[PDB]
Structure formats: structure tokens, C-alpha cells
Amino acid sequence: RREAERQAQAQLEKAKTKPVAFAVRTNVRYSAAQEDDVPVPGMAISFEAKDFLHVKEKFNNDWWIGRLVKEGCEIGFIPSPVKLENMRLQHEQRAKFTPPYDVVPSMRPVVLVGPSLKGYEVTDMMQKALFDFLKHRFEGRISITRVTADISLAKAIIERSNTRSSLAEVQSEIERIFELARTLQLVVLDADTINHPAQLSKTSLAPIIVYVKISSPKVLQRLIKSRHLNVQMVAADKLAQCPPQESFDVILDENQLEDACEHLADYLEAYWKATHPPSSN
Amino acid sequence: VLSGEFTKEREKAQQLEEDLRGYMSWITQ
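Line order of the protein sequences matches chains U and X.
Residue 1081 in the numbering used here sits at position 241 of the first sequence; the count goes up by one each step and never skips.
Residue 279 in the numbering used here sits at position 17 of the second sequence; the count goes up by one each step and never skips.
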């Protein structure tokens, strides 16, 4: 009867206050349709490619409960992978607690890559002053932490790193990120080896990369001289090459501490509003 | 006169150093 939809709506209203089970990353676009046989139609949460999705609980085999990561979002019926696959086979047939969901931490790590190589005092004082701002401002929320392991290494002879950074230790650090993100606190990593955003592309962590831009190589020349410069030039020129629209979420091209900190702080407040809907509490 | 202006102009039609001073100010912090 129609009562099952009412019990479903009750399960949803109960779901809205529930803590997140696990976030996932979509690999395909998906629009809602009446043929989808949504248990509670008009509540379906459609998603574009590479959309992030918090998941609260398993409503049923055909549908999971969860929410999209964006402002104004509310709890709803995120489609199950089996349902998406069944609709895929159906459309192909009509044509005549690989897979659609990559696991991601509930809170994305933030890596402030650039201007160039890490481990040198210029860029080190740069990013460190940045973490100082992020710490004193986002007090009681932000959870900055160092990662000695190279997280970029994370993905019938068993795979093994030839580097001192053992892959098992990397797995341990990844689990530490999975635990740290469970608290829904802000996270901003201080990874050492991550000189370029592309290295983290294979990671399931889905990092919030930050781009502290210096468009002019000569400026950074005079900067590093003002206090290993050449490899720093190839690296900075390399980061200059990268596509801003996708590779980076934020460009800290601002020179003074004040305005740049205002931008990145406003950004993190935007993400903070995105990750914490009123209905959750 | 303005016609002479348009005549010359019809065919006639610092960030580096600012980045230098501002980023030196950045390391200065």
C-alpha cells in the first residue's frame, strides 16, 4: 500500500538528525527521473560527475540515504550502485555499513601546495604563516596535522615502495585521515613531498588543494635570493603550468597576508557551511 | 582637434615589481 512511502518518509526524518556513516565520490553524472521508481518521489538528489556524497545509512538495496556536499542541500535518497548498474543494463537493453562510488573521508584534507618545493625556508615560512592563520582563526574547529608518509603513494606480486616511506605506513596514515575526518572537524594537511596537485589525483582522500600563486619566476628568484633556486624555478614554473579551473580550488595569488587570509578563510567558511547543514542537528 | 585625436588613436589602439615588493613583504612577516 501507500503506507510504505510514509514509513520511508519517517525513516528519512529520522535519518536527517543521524551522524554520517561514510562519504563517497561519484564517477558518473546522474539526473532524477520518474521511471527510477523513487520510494519518495521529488526528494531524489541528482548529482553531476565527481560529486561528493555523504551517506548516513542504508535505506534499502535499491537506495541509500545521504546528502550532496553543497550549500542548501538536504538529506535524501542517493541511488545505490546496484540500482545504477541495473538502470545501465536497462538503458543498454532499450538501446537495441569502474564502480560508481570512490570512498572519500567525511572531511577532505587541505594541502597548500606551492609556490615551489617544500623543505626550503622561503616556502616553509610561507605555508607556516598560512597554517598559523588557519589555526588561530579556525580555533576549536580546524585540525591541522603533519603526515610523514607520502600519501601520494597510496592507491600477483605484492606492491612495495622502494622508498623509505613504506606503503603500509601510508595505509596507516590514510586510516588516520579516515578517523580524523569522522569527527567532521576541518582538516588541513602539511604534507612535505606534495609539490604538485597531480600526485594526489590517485588518492581516495580527495584533498582540498590550495595554490599560493607566484606568476613571475623572477620574483621568486629575488625572494629565494633575498634570504637550490633552479629546481625551485622548474617546480614553480611547473605549478604555473597547471589548469587552475580543476587542479586547484583556491589561488592565493594575493601578496599581503591580510587579503589572502581573508580569501582562504572565507573559502573555508564556505566549505564549512557546505559540510554542516542545519538539519543534521 | 578631437578629430586629430581620433585620427592618431584609431590605429594607436608593473605587476612583476608589485609581486616582488608584496612577496618580499610576505617573507618579511
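Mixed in with the good hints, there may be bad ones.
Said to hold, decoys possible - Straight-line Cα separation of at most 20 Å, EDC-like style, residue types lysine to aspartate or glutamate; simulated pairs:
{"id": "1", "chain 1": "U", "residue 1": "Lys1065", "chain 2": "X", "residue 2": "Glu267"}
{"id": "2", "chain 1": "U", "residue 1": "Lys1058", "chain 2": "X", "residue 2": "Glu279"}
{"id": "3", "chain 1": "U", "residue 1": "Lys1053", "chain 2": "U", "residue 2": "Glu1098"}
{"id": "4", "chain 1": "U", "residue 1": "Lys995", "chain 2": "U", "residue 2": "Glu1009"}
{"id": "5", "chain 1": "U", "residue 1": "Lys1065", "chain 2": "X", "residue 2": "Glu279"}
{"id": "6", "chain 1": "U", "residue 1": "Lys1042", "chain 2": "U", "residue 2": "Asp891"}
{"id": "7", "chain 1": "U", "residue 1": "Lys1053", "chain 2": "X", "residue 2": "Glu279"}
I should point out that these hints are in silico values taken from the structure, not numbers from a laboratory.
Tested hints:
Using a Cα cut-off of 20 Å, the hinted pair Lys1065/U and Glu267/X is violated, with the two alpha carbons roughly 47 Å apart. Between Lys1058/U and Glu279/X the alpha-carbon distance is near 9 Å, which keeps this suggested pair within the 20 Å criterion. The straight-line distance between the Cα atoms of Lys1053/U and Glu1098/U is roughly 16 Å, inside the 20 Å bound, and the hint therefore holds. Between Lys995/U and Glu1009/U the alpha-carbon distance is near 13 Å, which keeps this suggested pair within the 20 Å criterion.
The suggested pairing of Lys1065/U with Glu279/X holds, with an alpha-carbon distance near 15 Å, which does not exceed 20 Å. Among the hinted pairs, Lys1042/U with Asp891/U is consistent with the structure: their alpha-carbon atoms are about 16 Å apart, no more than 20 Å. The straight-line distance between the Cα atoms of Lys1053/U and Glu279/X is roughly 15 Å, inside the 20 Å bound, and the hint therefore holds.
Hint 1 alone, counting from the list given before, is not met by this structure.
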